[PDB]
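*Asks:* Residue strings, one per chain:
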Amino acid sequence: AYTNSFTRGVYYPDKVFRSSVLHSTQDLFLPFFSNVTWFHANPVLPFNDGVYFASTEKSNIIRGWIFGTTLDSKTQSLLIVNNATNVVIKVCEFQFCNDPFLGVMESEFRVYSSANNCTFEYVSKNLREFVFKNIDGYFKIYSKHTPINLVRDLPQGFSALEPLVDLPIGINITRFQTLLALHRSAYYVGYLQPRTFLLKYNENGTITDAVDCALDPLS
Amino acid sequence: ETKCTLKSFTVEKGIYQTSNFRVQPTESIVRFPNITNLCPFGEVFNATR
Amino acid sequence: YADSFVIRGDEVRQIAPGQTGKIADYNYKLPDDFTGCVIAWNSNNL
Amino acid sequence: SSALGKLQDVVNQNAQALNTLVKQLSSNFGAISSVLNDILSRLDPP
Amino acid sequence: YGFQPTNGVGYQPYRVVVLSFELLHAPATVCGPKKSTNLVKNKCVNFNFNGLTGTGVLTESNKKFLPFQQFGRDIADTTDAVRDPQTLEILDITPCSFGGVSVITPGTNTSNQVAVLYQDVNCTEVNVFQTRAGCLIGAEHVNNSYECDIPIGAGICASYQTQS
Ligand SMILES: *[C@@H]1O[C@H](CO)[C@@H](O[C@@H]2O[C@H](CO)[C@@H](O)[C@H](O)[C@H]2NC(C)=O)[C@H](O)[C@H]1NC(C)=O
Ligand SMILES: *[C@@H]1O[C@H](CO)[C@@H](O[C@@H]2O[C@H](CO)[C@@H](O)[C@H](O)[C@H]2NC(C)=O)[C@H](O)[C@H]1NC(C)=O
Ligand SMILES: *[C@@H]1O[C@H](CO)[C@@H](O)[C@H](O)[C@H]1NC(C)=O
Ligand SMILES: *[C@@H]1O[C@H](CO)[C@@H](O)[C@H](O)[C@H]1NC(C)=O
Ligand SMILES: *[C@@H]1O[C@H](CO)[C@@H](O)[C@H](O)[C@H]1NC(C)=O
Ligand SMILES: *[C@@H]1O[C@H](CO)[C@@H](O)[C@H](O)[C@H]1NC(C)=O
Ligand SMILES: *[C@@H]1O[C@H](CO)[C@@H](O)[C@H](O)[C@H]1NC(C)=O
Ligand SMILES: *[C@@H]1O[C@H](CO)[C@@H](O)[C@H](O)[C@H]1NC(C)=O
Ligand SMILES: *[C@@H]1O[C@H](CO)[C@@H](O)[C@H](O)[C@H]1NC(C)=O
Ligand SMILES: *[C@@H]1O[C@H](CO)[C@@H](O)[C@H](O)[C@H]1NC(C)=O
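Residue numbers (the UniProt record's numbering), protein chains in the order written: chain A, 27 to 67, 81 to 143, 153 to 172, 187 to 247, 264 to 297; chain B, 298 to 346; chain C, 396 to 441; chain D, 939 to 940, 944 to 987; chain E, 495 to 620, 641 to 676, 690 to 691.
No lab work stands behind these hints: they were computed from the structure.
The beta carbon of each residue, even a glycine, is placed where N, CA and C say it ideally should be.
Warning: the hint list may mix true and false statements.
Unchecked claim - Pairwise CB distance ranges, derived in the manner of DEER restraints:
hint	chain 1	residue 1	chain 2	residue 2	range
1	E	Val-503	D	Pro-987	51 to 57 Å
2	C	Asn-422	B	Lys-300	46 to 52 Å
3	C	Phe-429	D	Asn-969	25 to 31 Å
4	B	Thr-302	E	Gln-690	26 to 32 Å
5	E	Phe-515	B	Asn-317	47 to 53 Å
Said to hold, decoys possible - Not the full set, but computed from the structure, chain E residues with beta-carbon under 7 Å of chain A:
hint	residue
6	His-519
7	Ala-520
8	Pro-521
9	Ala-522
10	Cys-525
11	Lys-529
12	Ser-555
13	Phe-559
14	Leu-560
15	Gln-563
16	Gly-566
What the hints assert, rightly or not - With a cut-off of at most 25 Å between alpha-carbon atoms, the simulated SDA-like pairs for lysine to any residue come out as follows:
hint	chain 1	residue 1	chain 2	residue 2
17	D	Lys-964	E	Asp-568
18	B	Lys-310	E	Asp-568
19	E	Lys-528	B	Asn-331
20	E	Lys-557	A	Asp-138
21	B	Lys-310	E	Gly-669
22	A	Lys-41	E	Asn-544
23	D	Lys-964	E	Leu-546
24	A	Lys-41	B	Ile-326
25	E	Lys-557	A	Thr-286
26	E	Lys-535	E	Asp-586
27	E	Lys-535	B	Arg-328
28	A	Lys-202	A	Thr-114
29	A	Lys-278	E	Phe-562
30	E	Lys-557	E	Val-534
31	D	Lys-964	A	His-49
32	A	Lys-41	B	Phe-329
33	E	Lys-537	B	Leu-303
34	E	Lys-528	B	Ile-326
Let's have the full structure, built from the sequences with the hints guiding it.
*Replies:* Right, here's the structure in full:
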């Protein structure tokens, strides 16, 4: 299936506060009214320039992503996981199952079978959006958690995404995947292009509205 | 100063812009994130075995 | 003004208008507003 | 109480010009940055 | 090695640590510390917050950033606020007073007395009389109204009477 975003995938493109103004930016955005894939419950996707990624549930079936160029050994990759404990970022050379996942006893993690040469570690319904990008050896992640009053369909509205993480890795990326918690006892993928937007800033400094300046003559 | 900026030993009545003025910085300050991970080389240079 | 001396064969490009180097930063400097000639010729036979 | 466009236009023109003057303090014109404290920090005087 | 405490030097055990700095091709990594200083308010200073470099006078403010926002800027894109990275407090930035200086002369063919106007400057930062055109030094403020002689501005004029 395919679906239509309406006004989705807007993130704060810098750390700068702004009071009641209209500011114009050039960056990598998800164009308004786009053609976003639909997935149910998954396969190896491309990256090619950033990614928008939403998801919907009350349980937690979406348990992180895996990135990289080959998703195996012989080249390095990232791995972002969340068991019922908390997030586990990790950067080694792995050996990934071609269909990697984790179970739910509640024993799991048939994800990889190798953790060699680790160069970075870290340990510690609902709509959960994420924007992933990778520039100059930094892997930036923006995110937002809005509550839907549906269960698993893409809604309409405006909600800007706030920066979360910054990782000075150096890693090359060309592909990525997803991770799901099996049954033993809905998600979308947009892509980002270089656009020019007009963001409206509140008096507290939040982005409340935007204009995509390449949609139509009025814009 | 008027005679210099007017290039003349006589000046006529009026008001004349002669120079600018500005306050100079008293000192310098520097701010930066706090200190947390300063590397504990007291594990490799301070091992028991 | 004739300034006459002897250097190592490498830092002959260190006698130039405007530069950084261990010979130029410590033992001899020329202004960036230099005007004149620089002559160098080899010497281990003297 | 419910037309002064000729007075509004001369105000607008002057403000639009003064803003364009300040917005030019952030162009390179073919330099490495727009800040003098950045050319005086990663370049030698020559 | 059979090490024994009664061994001549050069046969006693030495511990060795070899540090090897490498530079692959990442974006950055570990570096050395960097001394700093405290903070002062209400004085023209040269500040530096994390790389934000400028000069001016810092006061405390009534803004509220967003937890991830590190400094503010206004229309025309000048920095007019900042967050300092240790208190987590935001501070207003105001340029350090400046202006023009004008001298009021009654004509050198009449006198050598002068008055001085410091344009749009408060009088504290330089008998002494505060106009809306700036701070005026060397002229007496009388209460009568004459025709204008030398225009000061915002309704004020000056003149050489009687002698002053
Ligand atoms: C290993 O740990 C010891 C103890 O904490 C450090 O020894 C200190 O060295 C300083 C400077 O020589 C002395 O003033 C202190 O008196 C020492 N400690 C004690 C408890 O007396 C030593 O510096 C550490 N090694 C390294 C490489 O950091
Ligand atoms: C930075 O470190 C200092 C201490 O080195 C922290 O200062 C404390 O701040 C709290 C307020 O939250 C005060 O109640 C304490 O009295 C302060 N102690 C000292 C010794 O100054 C400061 O909070 C730290 N800030 C950050 C952002 O880490
Ligand atoms: C998205 O692109 C596919 C490509 O064939 C097309 O079939 C589909 O109709 C498009 N969806 C929308 C909403 O335009
Ligand atoms: C969650 O997964 C990480 C991945 O290595 C692991 O380190 C951690 O121990 C797991 N949680 C528990 C409770 O074992
Ligand atoms: C990465 O792992 C392989 C196999 O374990 C090893 O041959 C190689 O030396 C490792 N890389 C580095 C930089 O040591
Ligand atoms: C990423 O892959 C490209 C392939 O064209 C390669 O040239 C580049 O060096 C790689 N990145 C790094 C940091 O080596
Ligand atoms: C945030 O904005 C709202 C409306 O714009 C305003 O009423 C409020 O005072 C602001 N500050 C808050 C909520 O701290
Ligand atoms: C200027 O001075 C000369 C010489 O004393 C005099 O003749 C002339 O009247 C003066 N001009 C005036 C008073 O306007
Ligand atoms: C000048 O400074 C004084 C001293 O704080 C202040 O009270 C006053 O409002 C300022 N402005 C004028 C026009 O006096
Ligand atoms: C000018 O007149 C006012 C009347 O309100 C008075 O308060 C003030 O002291 C007078 N100043 C002088 C210098 O006479």
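*Asks:* Does each hint hold? Answer for all of them.
*Replies:* Tested hints:
no.	hint	result
1	E:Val-503 to D:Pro-987: 51 to 57 Å	54 Å, holds
2	C:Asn-422 to B:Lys-300: 46 to 52 Å	49 Å, holds
3	C:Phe-429 to D:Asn-969: 25 to 31 Å	30 Å, holds
4	B:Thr-302 to E:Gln-690: 26 to 32 Å	27 Å, holds
5	E:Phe-515 to B:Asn-317: 47 to 53 Å	50 Å, holds
6	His-519	6 Å, holds
7	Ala-520	4 Å, holds
8	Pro-521	3 Å, holds
9	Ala-522	5 Å, holds
10	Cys-525	12 Å, violated
11	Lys-529	24 Å, violated
12	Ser-555	11 Å, violated
13	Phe-559	5 Å, holds
14	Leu-560	6 Å, holds
15	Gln-563	4 Å, holds
16	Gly-566	4 Å, holds
17	D:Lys-964 to E:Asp-568	12 Å, holds
18	B:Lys-310 to E:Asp-568	43 Å, violated
19	E:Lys-528 to B:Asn-331	11 Å, holds
20	E:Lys-557 to A:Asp-138	50 Å, violated
21	B:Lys-310 to E:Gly-669	19 Å, holds
22	A:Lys-41 to E:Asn-544	13 Å, holds
23	D:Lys-964 to E:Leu-546	19 Å, holds
24	A:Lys-41 to B:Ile-326	22 Å, holds
25	E:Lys-557 to A:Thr-286	18 Å, holds
26	E:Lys-535 to E:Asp-586	10 Å, holds
27	E:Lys-535 to B:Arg-328	13 Å, holds
28	A:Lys-202 to A:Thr-114	21 Å, holds
29	A:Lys-278 to E:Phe-562	18 Å, holds
30	E:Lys-557 to E:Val-534	19 Å, holds
31	D:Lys-964 to A:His-49	14 Å, holds
32	A:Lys-41 to B:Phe-329	16 Å, holds
33	E:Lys-537 to B:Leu-303	35 Å, violated
34	E:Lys-528 to B:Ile-326	13 Å, holds
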